[PDB]
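Novice: Work out the full structure, taking the sequences as your base and the hints as a guide.
2 protein chains.
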Amino acid sequence: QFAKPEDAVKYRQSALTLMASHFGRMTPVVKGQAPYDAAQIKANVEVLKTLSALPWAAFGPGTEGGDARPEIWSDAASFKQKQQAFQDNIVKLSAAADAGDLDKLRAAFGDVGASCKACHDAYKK
Amino acid sequence: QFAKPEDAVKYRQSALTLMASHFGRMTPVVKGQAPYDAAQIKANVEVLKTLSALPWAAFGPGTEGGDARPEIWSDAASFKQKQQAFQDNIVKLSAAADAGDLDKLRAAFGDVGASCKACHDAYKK
Ligand code: HEC
Ligand code: HEC
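In the order they appear, the protein sequences are chains A and A'. A prime marks a further copy of an entry chain. Just so it is clear: in the first sequence, position 47 is 47 by PDB author numbering, and no numbers are missing. Just so it is clear: in the second sequence, position 67 is 67 by PDB author numbering, and no numbers are missing.
Do not rely on the hints blindly, as some may be mistaken.
Identical chains blur together in the list; that is why a pair holds if it fits in one copy or across any two.
List of simulated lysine to any residue pairs, SDA-like, C-alpha gap at most 25 Å [said to hold, decoys possible]: (1) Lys10 / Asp67; (2) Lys117 / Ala3; (3) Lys42 / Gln84; (4) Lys10 / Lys125; (5) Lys92 / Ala43; (6) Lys49 / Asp101; (7) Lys10 / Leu54; (8) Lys124 / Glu6; (9) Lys104 / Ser94; (10) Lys49 / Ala38; (11) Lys10 / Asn44; (12) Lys124 / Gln83; (13) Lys49 / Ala20.
Since the hints were derived computationally from the structure, they do not count as laboratory data.
Specialist: Next up, the structure:
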């Protein structure tokens, strides 16, 4: 869907920005600093899970650029591993949100965050 | 969800960028220059309809900035009108995609695009 590789970089960056907002805005709720409204969280996690699937298709062949490390493309198997692991962690967060369980939401949220950081430490400049 | 107003501007810009990609990438299919795979379009329109709901909440009070015209906030009723009209047009596009009907997809896609342009001509610098 990208006319030039830069278009793919801007796309991915925009997706990750939105993930990020939808992930991070739940921090105060996981920490108990904001109230827990199960329905509000369920609906937000449903936005996050749609968004969480989007960045990956925008690291296709020849879309080197941005703050992506080249290793994304020389170590493709490892990178697909780490995105699929992240997405699997999002499934667990969606299950927790769907159950309306603040303890399981907290644990799941931490799992997800560790998966963001694990990818970044290997693949983000 | 925004620590400062700039965070809201970057969010909205990122959302609109992603709408945009998910909208525009269907142009060749509406024009017949790429093949029509009903399932592929149905799934893409489902991403677009989630994305299409996101920018509006990031033009809250005091989030002036970006390429947003001030009229967004002095003419709030008009702006909510134009976003709700746009979203209603997205409903019609989702119905067309769900029906697997290329004629209705084409008409709906044009409706949607006119709603993007109508907002921009009033509210985007
Ligand atoms: C888990 C929820 C997250 C969160 C909150 C973010 N990411 Fe990542 N990310 C990855 C790479 C390769 C990039 C560089 C992309 C590029 O510049 O080309 C990034 C970038 C980001 C950003 C910055 C986006 C920007 O606006 O420029 C942010 C906000 C961000 N990430 C948040 C790689 C990955 C992963 C590899 C499998 C995974 C998993 C994540 N990121 C997860 C998350
Ligand atoms: C219909 C599908 C679309 C499409 C393809 C886009 N928009 Fe708009 N838009 C609106 C305003 C006020 C802004 C300025 C936002 C800001 O800078 O603060 C924009 C911006 C955009 C962009 C640029 C984003 C960027 O990366 O900076 C693009 C790509 C874009 N739009 C595409 C206002 C509206 C509407 C008001 C109700 C509606 C409807 C749309 N936009 C619709 C669409």
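Novice: If a hint holds in the structure, say so; if it doesn't, say that too.
Specialist: The hints, checked one at a time:
no.: 1; hint: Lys10 / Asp67; verdict: both (11 Å within a copy, 18 Å between copies)
no.: 2; hint: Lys117 / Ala3; verdict: between (30 Å within a copy, 22 Å between copies)
no.: 3; hint: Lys42 / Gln84; verdict: both (22 Å within a copy, 23 Å between copies)
no.: 4; hint: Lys10 / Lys125; verdict: both (16 Å within a copy, 21 Å between copies)
no.: 5; hint: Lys92 / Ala43; verdict: both (15 Å within a copy, 23 Å between copies)
no.: 6; hint: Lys49 / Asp101; verdict: within (18 Å within a copy, 28 Å between copies)
no.: 7; hint: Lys10 / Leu54; verdict: both (12 Å within a copy, 18 Å between copies)
no.: 8; hint: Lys124 / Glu6; verdict: both (17 Å within a copy, 24 Å between copies)
no.: 9; hint: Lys104 / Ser94; verdict: within (10 Å within a copy, 34 Å between copies)
no.: 10; hint: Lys49 / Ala38; verdict: both (16 Å within a copy, 23 Å between copies)
no.: 11; hint: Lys10 / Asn44; verdict: both (24 Å within a copy, 19 Å between copies)
no.: 12; hint: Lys124 / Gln83; verdict: within (13 Å within a copy, 36 Å between copies)
no.: 13; hint: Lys49 / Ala20; verdict: both (11 Å within a copy, 19 Å between copies)
Comparing the model with each earlier hint shows no violations; every hint is respected.
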